[PDB]
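Given next are the chains, with one letter for each unit.
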Amino acid sequence: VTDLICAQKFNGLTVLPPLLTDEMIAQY
Amino acid sequence: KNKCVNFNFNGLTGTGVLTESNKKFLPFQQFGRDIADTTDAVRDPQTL
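So the protein sequences, as listed, match chains D and A. Here the first sequence stands for residues 826 to 827, 848 to 873, where the numbers follow the entry's author numbering. Here the entry's author numbering = 1-based position in the second sequence + 534.
Don't take every hint at face value.
27 Å max Cα-Cα, derived DSS-like pairs, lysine-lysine [said to hold, decoys possible]:
(1) D/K854 x A/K535
(2) D/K854 x A/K557
(3) A/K535 x A/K557
(4) A/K537 x D/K854
(5) A/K557 x A/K537
(6) A/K558 x D/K854
(7) A/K558 x A/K537
(8) A/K535 x A/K558
No wet-lab data here; the hints were simulated from the structure.
Construct the entire structure; sequences and hints are all you get.
So this is what it looks like as structure tokens:
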């Protein structure tokens, strides 16, 4: 399951990181 | 370099942080653009 955000993040569209990281999700 | 500035290069102008990278444009082709059709880099109009 797959910079791209580099160009769009500069246009004013910000990608917010998830409050729950993928590392802690694996512990669930 | 490495600062927020308003730059004017040849016939192009804009604002952004200028940092020399390893990208290589073709000899005669000065201005690039990204997937968004906005210039992500510029070659020094004077030096190379």
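Against the structure, the hints come out as follows:
1. D/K854 x A/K535: This hinted pair holds, its Cα atoms lying about 21 Å apart.
2. D/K854 x A/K557: holds (20 Å)
3. A/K535 x A/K557: The given pair, whose Cα atoms are some 16 Å apart, holds under the 27 Å limit.
4. A/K537 x D/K854: holds (19 Å)
5. A/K557 x A/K537: holds (19 Å)
6. A/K558 x D/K854: Roughly 23 Å separates the two Cα atoms, so the pair holds.
7. A/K558 x A/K537: holds (22 Å)
8. A/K535 x A/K558: This hinted pair holds, its Cα atoms lying about 18 Å apart.
Hint compliance for this structure: every hint is met.
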